[PDB]
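In this view, the complex is presented without one of its protein chains, the others remaining in place.
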Amino acid sequence: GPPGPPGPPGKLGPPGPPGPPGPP
Amino acid sequence: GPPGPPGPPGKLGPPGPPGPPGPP
Partner (left out) sequence: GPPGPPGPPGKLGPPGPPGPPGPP
């Protein structure tokens, strides 16, 4: 037999880091 | 022959975009 297909995709990545501080 | 099984899951996705700036 041939190689199997690629597996399922990986999980959703983590959330991004917090945004910048707001202005004065 | 039968195809092989699907492979392992992919890598975890990359971290998301940084969040928006805070409030004033």
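The first chain written gets the first letter, and so on, giving A and B; residue counts start at 1 in each chain.
The rule is simple: a contact is a pair of C-beta atoms (placed from the backbone, for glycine too) under 8 Å apart; a residue touches a chain by one contact, two chains touch by 3 or more.
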Need a quick check: the contact residues on chain A for the chain that isn't drawn.
1-24
For chain B, residues in touch with the removed chain:
1-24
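One rule holds for everything that comes next: only the chains that are shown with their structure count from here on.
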Taking the mean of the C-alpha atoms as each chain's centre, how many Å separate chain A from chain B?
3
